[PDB]
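First comes one chain, alone, set out as structure tokens in the form solved without its partner chain.
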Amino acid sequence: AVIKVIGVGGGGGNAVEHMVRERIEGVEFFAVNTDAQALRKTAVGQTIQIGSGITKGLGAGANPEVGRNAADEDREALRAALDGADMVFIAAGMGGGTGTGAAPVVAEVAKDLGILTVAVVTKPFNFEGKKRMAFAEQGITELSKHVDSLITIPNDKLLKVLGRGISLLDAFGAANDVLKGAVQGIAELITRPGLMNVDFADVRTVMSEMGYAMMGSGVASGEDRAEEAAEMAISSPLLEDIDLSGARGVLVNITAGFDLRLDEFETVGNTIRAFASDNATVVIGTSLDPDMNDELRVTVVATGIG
């Protein structure tokens, strides 16, 4: 499996840098930006400059029009980077000029190539202002036209569960971890399975041409960890208002060490199928993280929600 993760713009590039640091098994990372300096800074091993860096006016690059035109002009470079992938993840912070405008073009290029294309993006914090929130939603409207699944993370919802005198860096770190959670949860079912390997056709079925999606995750240790982690995932703040019996698809990743047991696989699957519909596709897989000993994580991606 060839899986590529593309960070688009400053925010997405920061999120993908977090994914590089904290590791996602068996994926290739890319950063796509108008900002040549940013691409020079980044730890991402593959970079793609779009638009070659021409602005017209101080702050003119905050307009999504600029990101869209830049990616439009460099569609051939994007296609050469994406081609050969079985799956593409697009990460972006929506609301700025580059991510908002260029992420839907990156998605369109991937989708036109026949690649299963999953976007995981954020909306700005409320304190960033109404102009950025409006740009973000307009970009998400365009992005939804060109992806198989779209997971939109409201940064403002993350901010409320963080409180305190958190730094802005940690505020964006919280969004980064959610984005990583979603990408890693989907991709590692393919790139490093555990005792139960998912068929890629099933991943395609739950994610393909599905529209809106949402991710929740949970972790637990000890004897009841499998049921505990599944329940925490189901009840996480991101999934709590999703009726899981209204999701057209559910993809579940159980991640644990070598000591994952078959009966734990069965428990998690039975729990998830108790909340989902039989008129839905439910896919349960495992990933192996040899560094985990006692802990078990369940990540749930609900797709085709409305």
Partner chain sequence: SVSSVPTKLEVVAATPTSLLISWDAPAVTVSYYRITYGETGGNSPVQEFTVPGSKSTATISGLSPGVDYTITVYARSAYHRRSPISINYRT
The other form holds:
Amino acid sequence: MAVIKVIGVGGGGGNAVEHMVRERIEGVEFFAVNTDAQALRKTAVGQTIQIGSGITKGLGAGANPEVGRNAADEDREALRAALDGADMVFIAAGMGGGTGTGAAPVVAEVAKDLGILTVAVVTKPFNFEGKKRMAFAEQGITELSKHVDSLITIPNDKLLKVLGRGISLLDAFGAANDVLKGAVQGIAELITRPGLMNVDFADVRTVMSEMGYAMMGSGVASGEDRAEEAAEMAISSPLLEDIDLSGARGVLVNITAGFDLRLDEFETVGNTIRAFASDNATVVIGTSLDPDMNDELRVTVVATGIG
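Pass me the form solved in complex with its partner chain as well; I've looked at the form solved without its partner chain already.
Below: the lone chain, stripped of partners and molecules.
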């Protein structure tokens, strides 16, 4: 029921939204924001929104976050127009360029001022991309922090550990696309394809509103021990590596199963979460349903308010 919009901001964020449209996420509405008008028109990215027509005459941001932020301030009204009506917005961007690092904080602040649940899902550049890009991404994330409800960062450097031997540069970037998608999907599917333990959107709000920094990981398992093994793989994910989970102010957990989920399995996942979780912690655990699933399970864990 709750209306979810997904906004890719900038070239990396548009590459992420393009993959999400093609691969499909059920029940969300897609948009791309960019300063580069030619890149906006190249492929199927849902509804497009050009920003910074005055400053950057459709030619891009020149990899400079000051120009991408200036471009965003020009047509705040354009963004407010298309965001209007949503209950939740995911903003996806690769930090460390020009448009994403500078325009994503502004898109986030507009969404907030409409009372929308604003979730940023952003990447940090690979180490081989250089120190300047990484430093840019840090300031844009700090700027982004002022005007979001939750900020999930995906450091691409942690994906290198799970990448195949001899992989291509292109496939490495496409793998980071899949993680952003799996990240939006794992949260949004609690609303768009609920299971028996359907999460109320007001509870999603409690666990993500005005929370600050967040991290997520996931596991998957099949067989008799699918519940405990998927849950432990998620808490052991390399994207949660550096996070002490007992220090999170909120935990949001999505159990994706078919129709065969047993009571002792829902107990088991929750026991696992509640054992580490602090006691001043909002804990929200629901199921989502995937029908083409048999004797298997996915568990997604979002630790919110870790700042």
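So that the term is clear: the rigid core is the largest set of C-alpha atoms that superpose within 1.5 Å between two forms. Positions refer to the first chain, counted from 1.
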**Study point:** Did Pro237 shift 2 Å or more between these two forms, C-alpha, core superposed
**Key:** no
Check your understanding: Taking the rigid core as the frame, does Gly53 move its C-alpha by 2 Å or more between these two forms?
Key -> yes
Review point. Is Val250 among the residues whose Cα moves by 2 Å or more between these two forms after superposition of the rigid core?
Key: no
